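Given as structure tokens, the chain that follows is alone and in the form deposited without the named molecule.
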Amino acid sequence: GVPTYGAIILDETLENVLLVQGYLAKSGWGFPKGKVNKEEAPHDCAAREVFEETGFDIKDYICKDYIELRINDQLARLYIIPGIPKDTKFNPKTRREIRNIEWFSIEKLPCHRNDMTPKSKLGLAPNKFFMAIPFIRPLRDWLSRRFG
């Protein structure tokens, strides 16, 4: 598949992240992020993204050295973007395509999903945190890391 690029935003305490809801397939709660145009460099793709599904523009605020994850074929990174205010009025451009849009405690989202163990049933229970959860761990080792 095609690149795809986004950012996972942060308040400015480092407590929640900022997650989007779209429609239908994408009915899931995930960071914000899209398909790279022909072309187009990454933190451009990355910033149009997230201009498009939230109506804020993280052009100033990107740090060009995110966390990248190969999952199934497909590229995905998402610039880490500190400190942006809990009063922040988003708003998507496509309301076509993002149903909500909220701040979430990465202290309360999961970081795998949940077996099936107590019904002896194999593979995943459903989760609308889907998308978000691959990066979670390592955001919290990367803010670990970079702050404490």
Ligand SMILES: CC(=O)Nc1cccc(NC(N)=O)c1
Second form
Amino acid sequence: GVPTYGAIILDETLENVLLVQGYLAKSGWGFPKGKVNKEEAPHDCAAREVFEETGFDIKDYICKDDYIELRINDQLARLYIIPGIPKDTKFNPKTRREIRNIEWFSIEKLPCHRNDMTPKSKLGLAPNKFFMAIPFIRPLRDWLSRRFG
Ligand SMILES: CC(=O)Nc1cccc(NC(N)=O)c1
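Switching forms now, from the form deposited without the named molecule to the form deposited with the named molecule bound, please provide the structure.
Complete assembly follows, chain above in first position.
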């Protein structure tokens, strides 16, 4: 798959993260991110996708070594960590045929896994609107503990 880049934006307290809600297949909440263009650098792709989805320019805040990267089904997603963005920032997508809403979420309240259906003796996982964010939540909490404590 084509690599994706974007950002985990935190507020000044480090207890809230900025998620975006798409439509259709991307109907749930997830971090702002998207697919790299041919010949586009990782930092430039992250900033472009975040600016398209939130209207906030991370370019001057990106740190090269500060990111979480996961390989999911043989597609690589790298989110640059961007702390200290004030919660009263005005976020507006460029692309409202693509983004329904933009909200801050408490990191401690977000799930880091889906719930099974063991009460129903059925296999699989129950739907969760944070599906696209979930894989990054534990690595993020671990990264924030290492970096700040
Ligand atoms: C394209 C990309 O960034 N990969 C990604 C990111 C978050 C969650 C999932 N989860 C899944 N599709 O199963 C995949």
